[PDB]
Amino acid sequence: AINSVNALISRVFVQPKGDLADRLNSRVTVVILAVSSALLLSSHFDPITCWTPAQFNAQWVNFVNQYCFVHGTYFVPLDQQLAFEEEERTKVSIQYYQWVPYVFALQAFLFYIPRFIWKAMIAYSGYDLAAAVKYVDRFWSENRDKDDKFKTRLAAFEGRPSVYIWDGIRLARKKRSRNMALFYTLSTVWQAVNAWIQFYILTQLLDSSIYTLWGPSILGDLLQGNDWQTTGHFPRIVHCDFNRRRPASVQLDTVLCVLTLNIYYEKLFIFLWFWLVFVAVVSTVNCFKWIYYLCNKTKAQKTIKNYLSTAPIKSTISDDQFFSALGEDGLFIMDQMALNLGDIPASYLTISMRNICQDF
Amino acid sequence: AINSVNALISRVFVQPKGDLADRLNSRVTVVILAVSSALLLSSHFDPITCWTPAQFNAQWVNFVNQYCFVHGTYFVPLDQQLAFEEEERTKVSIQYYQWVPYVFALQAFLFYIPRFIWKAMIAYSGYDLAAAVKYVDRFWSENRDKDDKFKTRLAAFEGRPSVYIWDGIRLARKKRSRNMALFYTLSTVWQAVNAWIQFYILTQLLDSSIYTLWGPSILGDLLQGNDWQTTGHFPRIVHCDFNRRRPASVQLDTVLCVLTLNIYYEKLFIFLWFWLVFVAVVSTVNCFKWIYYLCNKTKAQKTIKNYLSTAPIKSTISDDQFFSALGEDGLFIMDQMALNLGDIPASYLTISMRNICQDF
Amino acid sequence: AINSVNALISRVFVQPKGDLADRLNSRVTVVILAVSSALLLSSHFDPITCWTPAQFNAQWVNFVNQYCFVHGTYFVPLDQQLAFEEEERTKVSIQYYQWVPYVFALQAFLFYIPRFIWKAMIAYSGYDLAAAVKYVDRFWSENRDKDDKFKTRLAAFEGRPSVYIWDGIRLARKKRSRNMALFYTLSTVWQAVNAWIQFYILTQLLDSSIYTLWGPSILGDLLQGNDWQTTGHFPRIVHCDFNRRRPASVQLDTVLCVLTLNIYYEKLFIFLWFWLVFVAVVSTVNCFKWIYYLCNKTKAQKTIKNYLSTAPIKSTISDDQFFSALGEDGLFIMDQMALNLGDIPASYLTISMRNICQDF
Amino acid sequence: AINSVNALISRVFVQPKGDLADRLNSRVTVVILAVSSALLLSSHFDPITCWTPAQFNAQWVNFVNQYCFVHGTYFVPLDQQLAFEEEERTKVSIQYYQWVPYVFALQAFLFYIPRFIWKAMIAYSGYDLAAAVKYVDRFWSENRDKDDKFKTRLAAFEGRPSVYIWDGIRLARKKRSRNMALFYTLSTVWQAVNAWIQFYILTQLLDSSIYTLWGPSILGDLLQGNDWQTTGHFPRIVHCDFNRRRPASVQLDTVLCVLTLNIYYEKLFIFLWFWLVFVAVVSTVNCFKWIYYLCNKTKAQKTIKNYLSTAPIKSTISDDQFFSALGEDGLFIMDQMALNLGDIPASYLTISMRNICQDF
Amino acid sequence: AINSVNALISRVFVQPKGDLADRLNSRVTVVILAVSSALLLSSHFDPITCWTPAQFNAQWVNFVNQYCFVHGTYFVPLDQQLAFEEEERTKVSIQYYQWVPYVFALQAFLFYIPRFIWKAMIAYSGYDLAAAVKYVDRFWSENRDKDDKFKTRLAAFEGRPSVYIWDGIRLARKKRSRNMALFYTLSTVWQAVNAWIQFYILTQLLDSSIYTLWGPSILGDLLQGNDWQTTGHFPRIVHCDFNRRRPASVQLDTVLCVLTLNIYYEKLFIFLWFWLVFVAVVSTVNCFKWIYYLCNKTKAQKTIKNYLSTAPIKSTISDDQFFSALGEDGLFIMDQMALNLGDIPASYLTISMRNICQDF
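Residue numbers (PDB author numbering), protein chains in the order written: chain A, 7 to 51, 54 to 368; chain B, 7 to 51, 54 to 368; chain H, 7 to 51, 54 to 368; chain G, 7 to 51, 54 to 368; chain F, 7 to 51, 54 to 368.
To be clear, the hints were calculated from the coordinates, so they are not data collected in a lab. Note that CB positions come from ideal geometry on N, CA and C, so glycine has one too. Please note: incorrect hints may appear among the correct ones.
What the hints assert, rightly or not - Computed cross-link-like contacts, DSSO-like style, restricted to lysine-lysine with a CA-CA straight-line distance of at most 30 Å:
{"#": "1", "chain 1": "H", "residue 1": "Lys183", "chain 2": "A", "residue 2": "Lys23"}
{"#": "2", "chain 1": "H", "residue 1": "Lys154", "chain 2": "F", "residue 2": "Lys142"}
{"#": "3", "chain 1": "H", "residue 1": "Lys127", "chain 2": "A", "residue 2": "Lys23"}
{"#": "4", "chain 1": "G", "residue 1": "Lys127", "chain 2": "G", "residue 2": "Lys183"}
{"#": "5", "chain 1": "H", "residue 1": "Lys142", "chain 2": "G", "residue 2": "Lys23"}
{"#": "6", "chain 1": "H", "residue 1": "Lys159", "chain 2": "A", "residue 2": "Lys154"}
{"#": "7", "chain 1": "G", "residue 1": "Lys182", "chain 2": "H", "residue 2": "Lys322"}
{"#": "8", "chain 1": "A", "residue 1": "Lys154", "chain 2": "H", "residue 2": "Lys23"}
{"#": "9", "chain 1": "A", "residue 1": "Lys313", "chain 2": "H", "residue 2": "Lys127"}
{"#": "10", "chain 1": "G", "residue 1": "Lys23", "chain 2": "F", "residue 2": "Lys142"}
{"#": "11", "chain 1": "F", "residue 1": "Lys182", "chain 2": "G", "residue 2": "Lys322"}
{"#": "12", "chain 1": "F", "residue 1": "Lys182", "chain 2": "G", "residue 2": "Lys305"}
{"#": "13", "chain 1": "H", "residue 1": "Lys297", "chain 2": "H", "residue 2": "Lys182"}
{"#": "14", "chain 1": "B", "residue 1": "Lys159", "chain 2": "A", "residue 2": "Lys183"}
{"#": "15", "chain 1": "A", "residue 1": "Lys305", "chain 2": "H", "residue 2": "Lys183"}
{"#": "16", "chain 1": "G", "residue 1": "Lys157", "chain 2": "F", "residue 2": "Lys23"}
{"#": "17", "chain 1": "A", "residue 1": "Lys159", "chain 2": "B", "residue 2": "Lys159"}
{"#": "18", "chain 1": "B", "residue 1": "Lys322", "chain 2": "B", "residue 2": "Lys159"}
{"#": "19", "chain 1": "A", "residue 1": "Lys142", "chain 2": "B", "residue 2": "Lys159"}
{"#": "20", "chain 1": "A", "residue 1": "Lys23", "chain 2": "H", "residue 2": "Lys23"}
{"#": "21", "chain 1": "A", "residue 1": "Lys182", "chain 2": "B", "residue 2": "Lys307"}
{"#": "22", "chain 1": "G", "residue 1": "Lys159", "chain 2": "G", "residue 2": "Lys142"}
Claimed, not checked - Covered by chain A, per the in silico footprint, the following chain H stretches (three or more residues, Cβ under 8 Å):
{"#": "23", "stretch": "69 to 79"}
{"#": "24", "stretch": "176 to 188"}
{"#": "25", "stretch": "247 to 258"}
In isolation and in its complexed conformation, chain A is listed as follows:
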């Protein structure tokens, strides 16, 4: 069949509000893994077809098909006979159907967790960003328009938003955060780990009994023209095993099945592998970034200090103290706002706050 659902994509793909760089890779991740997870268990709506000899009446075929699909399957390169017992026949054993389609659902779930962690934790801090972001935001969106406030613009920031935030610090700083930075950087480590664990669940997918994969090995095989059966691995054609019961007991036999899926799974696994391990490496640099921010922190002030390097007319107040009274949570939320609302406005914001900060 053919079907396409846009609104389900647009919903999470956009509606949760943040631009946060390369953390949106958690989003786009969850999308890819979610979709492919589904479309695979879609059964291409012919999961697997099999060969059965000719006297079965076709209501056995529609059986032996399933029975093959559930009870295990395996492979042999072809012409070895089968030998006997279980040993040489079942050595090379491929069933991942018990794994792929669901383990991806689990995947996407574990890429969407860390956000939920974040919102929960930042809610623990008692000081919400999201409210602030929207508030100062549509502030800027609207008043930006009007001609009136440009030369007045600075004082406008001085009155309306700047005090709002600063109060936010008043109420908040009493309750359980100077520490929000550390909460955050926890969320970024936790993120990076989660990614890695995912990667390792790929390589340990298939099974640690029968080898494992990583991309340019496999490609560098395919590109060597090693096909599949003559790799000995990634089979497209298998020999299924099957049973009956009569007064003679086990009564078993083999029927060789064509295998369609295996063309998919080892079409994508390459791609999905590149793309994950990418998501790891890009998601770790952002992880240590906030430690290298958190330990040093004397050169953290840079950008903020740098905003006071434009500083029209430079009225009075010194900084080092001013940074001191502000040291923790503000220093962060500033970076956040500058990130969402962009560069130019947040300058206006800070240069306001320094000015009106007096009693604190």
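Fit chains B, H, G and F to the given chain A structure using the hints.
Then chains B, H, G and F, alone, in the frame of chain A:
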């Protein structure tokens, strides 16, 4: 087939108005259990397929299929013959089809009850929150916008909303609540119990005649590579039993059926198990939280007292009395509002109410 | 079947905002390759049909069809017998099904990368264009309307937008760009390479074991009336190979299959080939363009200097210094704005900025 | 089946903005050729049916059908036997299936190119019309309404739009166009050629080995009652050729197929032929028109000069100089505007521009 | 099946703007012929069914059905045997399937041409009506509303629209029309011819070899109870002819087919015939109308002169001269406006124009 219904999700998933933390897990719960409950009895629209010998004309196959699906089924690892009588054959007996799809409907229903309890009970108290929440809410939403009220903002709260609530206390406090807190904390205990009972209904699902499950045992089996039949448990292939009637009486026989569902049910039961018992443990801490709030209550005042720790200019009125006249219902609804409307505004609210409170 | 999806087209096809010339060929590219990539693996929803002799019961036909489709196929012109062994039979070997449908997905992905590169990199520069573009943009859209500002128009630019940008340079020029031009021209080289690599992946598609293609050779064959089999190449009718297993081991045979797809693939490959290699040559001239801009750069100033060649009344300020203090990032963003917003307005912009530039 | 898509039609059929006479025939062309191109490869969703003798089991019929459809077909009038070898049998050879459905896609593409050429080239000139057209346009649309400007109308044009254009000439005329006319007339020649080439691709469709067609010959045959087979040409019933392989090698035979399509293709080819060659002849007169405009050019001024033949009160300024300073690009864009916006307004425009033109 | 498309009807059926009497019969025509043209080639989605003797395996039936449908068919009243050769058998020969469904498409096309002619030609005149119609139109629509202009209404017309038109005459009358009337009346003759030609293409449909039809003959037969076969004409049951090829050459035979369509075609042909020849006779009177307008023309002035027969207060200006300076194009466009906008307003228009006409 393929079908997806968004509006049914968005409806309860959002439209009932509250942000209440981790109580929305009752919501998302009801979603998951509801959906899976349905999609399972969807019959993947091939419930179970069976093997029958070859002279049945295919209008018996479409019978013996059902008949197998209703009358019991069972399992044996394979090669034991069957022995005889009923004993060794029917020992290992798996039918949960009579349970899963409906018992989940019951599940979701019992996660949605406790809300209905709450709204009913809080309606018994005679003092509604929801009205207040919306009222003070869109108050803040609108007037927040306008530039006019900032330096005036405080007095604005003083007039419009603050009196409104306070009157709410006037009418209410005459009728059947100082006690609303205790009502609430009942609802949270009741909640936690309900969750637990649900868990136990999982472990007691399947049946207390044949073992029971809990997750990392099962996984820690699968990850041991114990497959299913060689676990002896969670079978994917069964031996169905069947009857006719002729002048010779019982006239019975066996036909081995493939079983598709059992790949689902023991794909999800793991996940659903983690996720429930999670929902329990996160829903209990919130349960005792309101006892540790309700017994102590002298350090309950903390946050509220803490709001009067900003307190511009601190005009006159003392607190301890002021908390005394307010002791019960207000002390709560304050926390509620601060929870929904966020931190900064509710401060404005309280610091108003203290001020205008005179005659009471 | 018949189905057509517009919104998926319009979405990326338009919604990402830029008019950038002939870089939108990356867009339209991604469209074509995306669509054809899909519609081919649509299986014209009869992938391939085969001939099998007459005693197969039709549940083998529905097998041998697939089995042919996965295990390799090949061609021979017809009447050579088959000879024997593997040599003369399998010499002329055509299976690209393992390639085309997916390798196109990869294609489109690699044409959409370079944008993502660009937005990421220009975000590294800390100075965003997009904000500016929209801002100055709807500036012009709205105020253009009103009659009031025409004779006043110039001063209007002087106040509202011009200062806005200039500040943008203030904040930005402190942080990590004078260099944005070089970033950009990297993105254009990278672009051109990517295109070329794509072309070469075409010619190396099929396989470097069996010849390769380029368009007017093939056409210039077809137009010679060389058909296909009597080209010896691009076969429409193949001889599939097939196996069983009995006590006699390999037990193999051949069945000649009709091949429908090959009429598609060698209907389009021509077209797609022209259109790619086009996209290369048009995308390289634009590549060196920004080097010939970046090295010289003394005649880069031309257009900008040329705007100050209209210059009402020519108040005072000299240029060469004025260009000097502006040298890098501005010089570019000017070209950008003139590109998006068109010619006439950006003149107004620059001629404003020169005027108000004083302290810097 | 039955399906109809309007929005795809309306989209290009309207949304690209211009009224340009008889150049919209490029548009309506692309429509017709596009649609018929598709609906033909729709396979009337029975491409061709064939006769095969009676022992084929119907999974060969569904083969020999295709195999006939790909490997060539041919015709003989009926009763000649077949003779032998390949000569007299395959002389009269009709397969155009390898051509029609795709070569039309190519067609429509080549009628849509010349626009893209135009927009690209006119963008090279640096002076955009489209902006101007919309601008002056909705100018006229809105202010036309208001009663205020009628007696004032002239001066209104004097201020708002007229200066806007004139500035457009200031910025533009510095950069790479006095020449836009020649660019344009190139686009019209190029257009006319493209059309002709299309025609010739019709007549050379079918093949230059077996005759060729032009309409009133064919009709003038049909209207003579020459049917088809007794034309010897345009067959509706063919004798397909077919192969097997057994130990005896080529093993070939013939099966006569009914042919449905050929009723379509030679139903439309007539119509499509008239309509193309029309589009040529109407598109050439417009081609030389702009040479007869470009060489003479002294009588080009006519219309424009004629507008200054109404000229309220005729203040001062002479013309011949005035045309001289305006000579090139303006002279054109005037004609354009008068074409889109109609006759009456553009008069107002010019008669404004003459007046305010002073310094230039 | 069942399907109904409204928007395709409403689109041309309304959206092209004019009320022009009985010229809209060109519109409704194009509708009827278009629809029936389509629904007939819809194949009632069983085109024709045939009788074949009993040993054909049903994949010949699905052949001989088509083959009958393409190669000719014929009729005989029944019991004549067949005689022999081709003479007495094939004398009475009915195949119009090669004609009806497409020749109707051609029909509708030729009823829609004359409009396109008109718009093209009236565009040649350089003076557009449509603009005027819309302009003066929504003039009247809006200002009609307002109470203010009633006693002032006349002067309102005097200022706003009336001058607008008159200017239209200024610009236009310089360029290539006093003659627009003659252009128009050409379009009406051309119209009438086209209609007639259509009629004659009906009567010459079927074929001029076998009789021809006109309505009340046929009806006056049916109403005589002449049925069909015992008319000898309009057969519902035919004897199809058919071939094979074996070593014995032509090998031909006959199979009698039921014929469903012929119940349709000779259900509608009656109706469609009445309705066409109607459209002719009503479309000719309107044709000569504009000659009897164009030659006389002294009594053409009637209506216009008659408007100046109400003429409040009759200020000064004479008419005969006034008509003289206006003689041609205006005299027409007046009739047009009065036709679209109705009677009462256009009076206001003319009585304005006479008044303000001075210098001309």
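Results of checking the hints against the structure:
1. Taken as a hint, the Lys183/H and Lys23/A pair is honoured in the structure, with Cα atoms around 27 Å apart against an allowance of 30 Å.
2. Our distance criterion of 30 Å between C-alpha atoms is met by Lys154/H and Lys142/F, whose separation comes to about 26 Å.
3. As the CA atoms of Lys127/H and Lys23/A are separated by approximately 19 Å, the hinted pair is consistent with the 30 Å bound.
4. For the suggested pair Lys127/G and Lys183/G, the alpha carbons sit about 17 Å apart, so the restraint of at most 30 Å is met.
5. Using a Cα cut-off of 30 Å, the hinted pair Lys142/H and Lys23/G holds, with the two alpha carbons roughly 23 Å apart.
6. For the hint pairing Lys159/H with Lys154/A, the CA-to-CA distance comes to about 21 Å; that is within 30 Å, so the pair holds.
7. Between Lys182/G and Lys322/H, the direct Cα distance comes to roughly 18 Å. Compliance with the 30 Å bound is thereby established for this hinted pair.
8. Distance hint between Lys154/A and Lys23/H is fulfilled; the C-alpha atoms sit about 24 Å from each other, no more than 30 Å.
9. Between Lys313/A and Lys127/H the CA atoms are separated by roughly 27 Å; this keeps the pair inside 30 Å, and the hint holds.
10. Only pairs whose Cα atoms come within 30 Å are accepted, and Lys23/G paired with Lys142/F is accepted, the gap being roughly 20 Å.
11. With a CA separation close to 18 Å, the supplied pair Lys182/F and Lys322/G stays within the 30 Å bound.
12. With a C-alpha separation of about 20 Å, the suggested pairing of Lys182/F with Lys305/G holds against the 30 Å cut-off.
13. Using a Cα cut-off of 30 Å, the hinted pair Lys297/H and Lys182/H holds, with the two alpha carbons roughly 28 Å apart.
14. About 25 Å separates the Cα atoms of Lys159/B and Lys183/A, which keeps this hinted pair within 30 Å; it holds.
15. Of the pairs offered as hints, the one joining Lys305/A and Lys183/H holds, with about 18 Å between alpha carbons and a cut-off of 30 Å not exceeded.
16. Simply put, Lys157/G and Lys23/F have alpha-carbon atoms about 28 Å apart, close enough for the 30 Å limit, and the pair holds.
17. Distance check on the hinted pair: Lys159/A and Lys159/B sit about 22 Å apart at the alpha-carbon level, within 30 Å; holds.
18. A C-alpha spacing of about 16 Å is found between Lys322/B and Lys159/B, which places the hinted pair at or below 30 Å, so the restraint holds.
19. The hinted pair formed by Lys142/A and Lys159/B meets the criterion: a straight-line CA distance of about 21 Å does not exceed 30 Å.
20. Our distance criterion of 30 Å between C-alpha atoms is met by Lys23/A and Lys23/H, whose separation comes to about 20 Å.
21. Proximity of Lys182/A to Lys307/B is assessed by CA-CA distance (about 15 Å); at most 30 Å being required, the pair is judged to hold.
22. A distance of roughly 24 Å separates the Cα atoms of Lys159/G and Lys142/G; the hinted pair therefore holds under the 30 Å criterion.
23. With a threshold of 8 Å between beta carbons, the proposed coverage of the stretch 69 to 79 of chain H by chain A holds, since 6 of its residues qualify and at least three are required.
24. Evaluation of the coverage hint for the stretch 176 to 188 of chain H: fulfilled, as 6 residues show C-beta separations to chain A shorter than 8 Å, against a requirement of three.
25. Only when three residues or more bring their CB closer than 8 Å to a CB of chain A does the claim for the stretch 247 to 258 of chain H stand; here the count is 5, and the claim holds.
Hint compliance for this structure: every hint is met.
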